[PDB]
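> One-letter residues, chain by chain:
There are 4 protein chains.
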Amino acid sequence: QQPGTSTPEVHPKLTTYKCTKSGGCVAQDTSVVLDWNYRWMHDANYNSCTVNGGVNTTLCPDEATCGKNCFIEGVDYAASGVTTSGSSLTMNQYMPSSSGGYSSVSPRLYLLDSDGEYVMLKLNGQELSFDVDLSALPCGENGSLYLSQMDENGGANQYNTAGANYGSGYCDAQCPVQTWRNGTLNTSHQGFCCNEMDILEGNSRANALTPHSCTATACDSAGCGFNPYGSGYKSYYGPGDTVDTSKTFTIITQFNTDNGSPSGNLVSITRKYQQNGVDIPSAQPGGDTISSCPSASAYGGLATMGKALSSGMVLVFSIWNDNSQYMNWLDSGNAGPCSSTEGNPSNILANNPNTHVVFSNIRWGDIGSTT
Amino acid sequence: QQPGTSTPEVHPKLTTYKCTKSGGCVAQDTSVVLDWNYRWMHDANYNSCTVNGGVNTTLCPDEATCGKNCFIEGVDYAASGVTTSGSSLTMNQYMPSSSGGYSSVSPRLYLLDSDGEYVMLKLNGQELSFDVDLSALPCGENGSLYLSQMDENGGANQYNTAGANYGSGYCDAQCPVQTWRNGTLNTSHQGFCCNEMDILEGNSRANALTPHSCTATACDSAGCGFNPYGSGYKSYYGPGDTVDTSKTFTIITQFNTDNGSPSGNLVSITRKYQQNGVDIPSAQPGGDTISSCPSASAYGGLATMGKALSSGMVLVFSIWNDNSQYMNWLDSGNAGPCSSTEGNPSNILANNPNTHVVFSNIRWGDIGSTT
Amino acid sequence: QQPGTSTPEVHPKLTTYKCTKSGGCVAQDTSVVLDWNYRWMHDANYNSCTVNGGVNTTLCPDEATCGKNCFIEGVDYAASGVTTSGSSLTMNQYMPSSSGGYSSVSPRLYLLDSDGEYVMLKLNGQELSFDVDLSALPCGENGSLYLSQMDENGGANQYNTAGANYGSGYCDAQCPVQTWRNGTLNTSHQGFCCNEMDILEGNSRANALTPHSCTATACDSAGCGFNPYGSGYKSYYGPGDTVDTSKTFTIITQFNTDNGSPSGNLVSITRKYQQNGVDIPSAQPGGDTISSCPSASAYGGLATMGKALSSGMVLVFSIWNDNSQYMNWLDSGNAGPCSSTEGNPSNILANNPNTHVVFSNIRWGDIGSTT
Amino acid sequence: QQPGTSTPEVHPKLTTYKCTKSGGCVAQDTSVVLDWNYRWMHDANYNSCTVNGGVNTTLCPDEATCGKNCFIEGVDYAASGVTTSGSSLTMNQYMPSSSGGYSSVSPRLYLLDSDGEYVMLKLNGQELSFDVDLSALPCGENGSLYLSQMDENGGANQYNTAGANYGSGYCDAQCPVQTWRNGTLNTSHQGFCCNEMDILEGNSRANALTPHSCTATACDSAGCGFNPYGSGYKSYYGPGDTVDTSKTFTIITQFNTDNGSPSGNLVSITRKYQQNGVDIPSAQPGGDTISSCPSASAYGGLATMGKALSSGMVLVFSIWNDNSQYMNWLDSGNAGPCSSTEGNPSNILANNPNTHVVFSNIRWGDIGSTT
Ligand SMILES: *[C@@H]1O[C@H](CO)[C@@H](O)[C@H](O)[C@H]1NC(C)=O
Ligand SMILES: *[C@@H]1O[C@H](CO)[C@@H](O)[C@H](O)[C@H]1NC(C)=O
Ligand SMILES: *[C@@H]1O[C@H](CO)[C@@H](O)[C@H](O)[C@H]1NC(C)=O
Ligand SMILES: *[C@@H]1O[C@H](CO)[C@@H](O)[C@H](O)[C@H]1NC(C)=O
Ligand SMILES: *[C@@H]1O[C@H](CO)[C@@H](O)[C@H](O)[C@H]1NC(C)=O
Ligand SMILES: *[C@@H]1O[C@H](CO)[C@@H](O)[C@H](O)[C@H]1NC(C)=O
Ligand SMILES: *[C@@H]1O[C@H](CO)[C@@H](O)[C@H](O)[C@H]1NC(C)=O
Ligand SMILES: *[C@@H]1O[C@H](CO)[C@@H](O)[C@H](O)[C@H]1NC(C)=O
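Protein chains in written order, with the authors' numbering: chain C, 1 to 371; chain A, 1 to 371; chain A', 1 to 371; chain C', 1 to 371. A prime marks a further copy of an entry chain.
Among the hints, erroneous ones may be present.
Just so you know, same-sequence chains aren't split out, so a pair can sit in one copy or run between any two.
Stated by the list, open to error - In silico DSS-like cross-links for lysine-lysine, where the CA-CA straight-line distance does not exceed 27 Å:
(1) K247 with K68
(2) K13 with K247
(3) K234 with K68
(4) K234 with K307
(5) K234 with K272
(6) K21 with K272
Since the hints were derived computationally from the structure, they do not count as laboratory data.
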């Protein structure tokens, strides 16, 4: 697959920053990209190269062929519930349709850099900070801001000229088997494991910080995550609570090393919220931090994550609903006020089709410098 | 892929029955098969045709090639934690190893018939009954007995001569994308949706009856299931409770039609347990039945399921643990006494590597005839 | 003695079958019972009615008295090394104890029928078939499956209301003098002779088919049995041999009449093994059969046995070790590879306390129909 | 039961001796008695008190009754194949009959003393010596000379006035349940365990020295016996061999203590044969002795036996054939030249109905003094 011509890819500009303890914060000429899978792809004669997410065997038998055969076109971000305003990103879960009422558009964005390659965030011994407006996201919705260890140029090769410009080469701790594994038509039917740091993953009812360490072969699927509600702080993060989701708040995640510097060794992942200028106090005394990561032991607990954060990671924006378990693992039962049923997407579409996440002012750098 | 020669496939015999209201129950010359994926596969020179679950591109580029190239060998069921004794099946979650301690063998069996093709259970307007010993399965384990609408001969074609004799062609409501989709090397990378009736799915702490209706294109992932605990009957099914998992009990599922006969139209799925000869009373008054199936609406709620049960379905034995969500959806939170952590497989392996399910006396037929 | 109340008698269910050449095999609602002697018996005040296997003279002076005085309680089959799974019976020779290590529990079971009376097998001119796993039984152990001509209701009278529900009225060719002879306190001190057909009697090292004919007064103690090893076939039945005890095999015994039908006259007892689906060839050419029965002459050789098999016989499951002659008569010397000492129970307990027999899929009926 | 009147009991005189190292051997006015069970017993009106070895319930309901009701008569020793000539006892296995040919008379004698009570042999730290003529006893016959720890007056009580004069109160390591247990009608149906020293037990083909230690409750059924043939000396004891059974030989058994005197502690049982005046050499180097008695451990190995030999034991003469196992345990297989079949009593009766044992010159006393 190579760049198409019917619809040009014009990346929605999003301004991010890199703060240094001394030289403040610098504006970055970044932007967002829609994940490869959401695009239109076809041969010169316009027959589709895809078939229900899979490929057209005739046009896509091996790799060298689609490479020379198919073209993946750009998208209409607006129509995809993706919009930007300076240093602000707004993602919708649904969009009105010509046909019926609302169709579930579920964007998955990547922070692209000016050179046409994913911004390589190196957060080891540093901090990433942003503003969120989860007010819209109700029970069942999943707003998401996480780092994945993807190839900076979306694994673009001789047969994939699209690359990061078209969101090629996704991956996460779940080790997904994909039609296009790392920029190549996965002809070996293998999964794709890569480190995944899940900074924000939640809605207006609850949230969760979850680190996933990895081997070349596998990952820590169930992460050693932190959820105030799950940890018995049922009245900290929520509508009108300590953090108060009803309004905008700031999420500050610091990756602490043993030598206290980016030079090496991850030791803890410190979370600190702050709303209305004033710093919000921790849920658990001493600080909301992820020190020991039991689950990750079998994959080089923490050690590997930090090495991954050093090598550099891609930023991933996403909002989605669970048609299978209604995201109960995130906001229901013992980890959220939501009821087992309340998260049903159909019910979300019914009572709040206007749900959207609004990420704003994304800036990473030295600890304390991003503020 | 075709039948191998290094290890012959000798199916573990399991005696099932077909009861008629008048002529009692008849012994069936059935047996169990291990799912295609657990087997060894290679070319004539012994290079493997698989690569981490995927395929060897060189030996497996298209379909006609593996067909003529690879051979899938049989397995050592005992070594796979699968054993049978007359009308009794015993499945282990782990097995001791030459190398380390225990390796997680997770069998997935299919009821094979004497002719070398899956037993086509036609449960519409009838009943399937069996005995279970969930005593071993603790928090996190998932004992499983469900019907899937698979091709009776595992989609065996000109390139797949193995077929049902080697557990070819699996599928379920989850619509899994597989390396071998319906007996053919999935060269189009498409999922495989098929109706899935989940009769038993649980451990010694909780359980769940869940029907999944389907379209040719999709299925009802989140089923309109029933879980006594979830439905607010926290002291009905459990160790020392009304049903009492600590001992063996009987699970009787009846598929009721409107004309009261196999002739047509599914209307409700009635569940009735009985232990120690005496019939156990319902959890909810009037009978533990699945009448309305809300979720399934978008796929021909109930209607489709019954038509599927009429066409005939394959029986699937399985026991597995969740490395990602610790099966919390089944036995934790609001649907089980188990704690969020308690289901971790590593913790299962630690405190009870001997977990096993023992399905016994499987007999299906007219209502009341199987007893 | 009458039914007790402290421990209720709940029979372990075991599924057997009755096959007809035309109508296949039908499931039977049978079960197993523990022999009268293994039970607890006491008066209303809880003083025991037994004294080292004998009786308490004061509570048990005649018959009318114990009848009205003593109650025999039920047992904990599990604790007695007796367990069933559908159509499968597993009997242990020892069980761990609260006190010391292992205590020698030696079950003796009877196939009980739904009506509360022993299943009356009528094997004349027919066949009984089953599956055995002698792998556990080493030198010295005696796995056993034999028919005894006992009273269908364990000789239950006005003073014995327990009957077959409590394994009353045992007997065999050995003509044992018992404390309870045919349901009555043997106040005349007489033995109890009854026909005894010994189908399986052996371990993993050797075995023996032995018919015992009887008069009202006596029996053919030394039977005209058949033992491949004894008959000079030292490499037919054993670990890794033709029959191969290390794995499960099938034992098929056919009682051939002169008119070829159940109508009458026993002529020969044909034995035929089959393992792994394939039929195993005979040890001696022409067929492993018991034609002439020299010993039985003085008791109506064969003739009487057949008449006995016609009247109906009770099935007896049993596993035991010989503290006196180490079962040498069965597996040592000229009738087995075992050494004179090797069968010592103490030595069995030491090197293999886990010995157990697993009888499975018991079905009797027309010749060839049980398969 | 009390002494009868129809047939008076006249004991066949047998001269034994007591040798002292200094004062030579003294003649004893001993005699032999036939075991209680071989006698005729009836009430005053002549109805029998026995029924096939058991008792007549009406005449024998309790103990006080038979005591006052039944009379056990004496016997015709000659007719019982029992004859004595000075210091010589001759016992036949069969006797010609008025009716058919030969009836199997199988005497069991006890050495009675002048006072009307069993001779209490105290063999601890001493020696018993005798002459045997096993020439007649062929394969299958069992000549026997053993000590049993019976009550000197056959347990004679208020209801049994017969006592030792009529061979009352037998017992052995086999712990036999008897109609008359220790002189009383066994109304409790209990066995009778007592120490049993088996000095000679064999025929013209092989033999066996076997000690049985006992608890009050049980005994060492399988004794820690010695059989030259079994111990791999197939050409020592037999027709024309080292010992040469074809002619008369002497059996000398010495019970060695640690203090070397009757004062205490059994340590070993030394066997030494001598024929034709010359002393026969041992089978195994160092001496044919029973040092360690493994089996007897659970019953106070050796220790108990010696204490028993000190308390005093009754002498038992006996010759019998095995209708069940043809005495194979004694002279066939790995413990004798005899074939499995060769020991059949019917075959004995056929080819040698004249078998008889001839015990002669029985003398016990200090070691070496009996010669
Ligand atoms: C697949 O490709 C062939 C040939 O280009 C075309 O005829 C067919 O319509 C395509 N399938 C789809 C779903 O576009
Ligand atoms: C993805 O493909 C690019 C192509 O060069 C490669 O550099 C990168 O290492 C690949 N990633 C993995 C995990 O194979
Ligand atoms: C794949 O096949 C090629 C050629 O048969 C072979 O060289 C290679 O080792 C195979 N790969 C694996 C993992 O077996
Ligand atoms: C699976 O393949 C067989 C091959 O003939 C076919 O009959 C069956 O319909 C296929 N199933 C699906 C869902 O395509
Ligand atoms: C026998 O019965 C009597 C009276 O019931 C009682 O005192 C005695 O303890 C019993 N004996 C045993 C061993 O239970
Ligand atoms: C056992 O007792 C029952 C009681 O009626 C009787 O029918 C049966 O014949 C008896 N058996 C013998 C051998 O006496
Ligand atoms: C038992 O005793 C009764 C009464 O004395 C008598 O009628 C009966 O014949 C006796 N039985 C035998 C076998 O002698
Ligand atoms: C046998 O009975 C007599 C009667 O007094 C007694 O002295 C002796 O101890 C009894 N033996 C046993 C073992 O009870």
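> Now tell me if each hint is right for this structure.
The hints, checked one at a time:
no. : hint           : in the structure
1   : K247 with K68  : neither (50 Å within a copy, 35 Å between copies)
2   : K13 with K247  : both (25 Å within a copy, 14 Å between copies)
3   : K234 with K68  : neither (55 Å within a copy, 47 Å between copies)
4   : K234 with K307 : neither (34 Å within a copy, 46 Å between copies)
5   : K234 with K272 : within (17 Å within a copy, 38 Å between copies)
6   : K21 with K272  : within (18 Å within a copy, 35 Å between copies)
In this structure, the hints that do not hold are numbers 1, 3, 4, in rising order.
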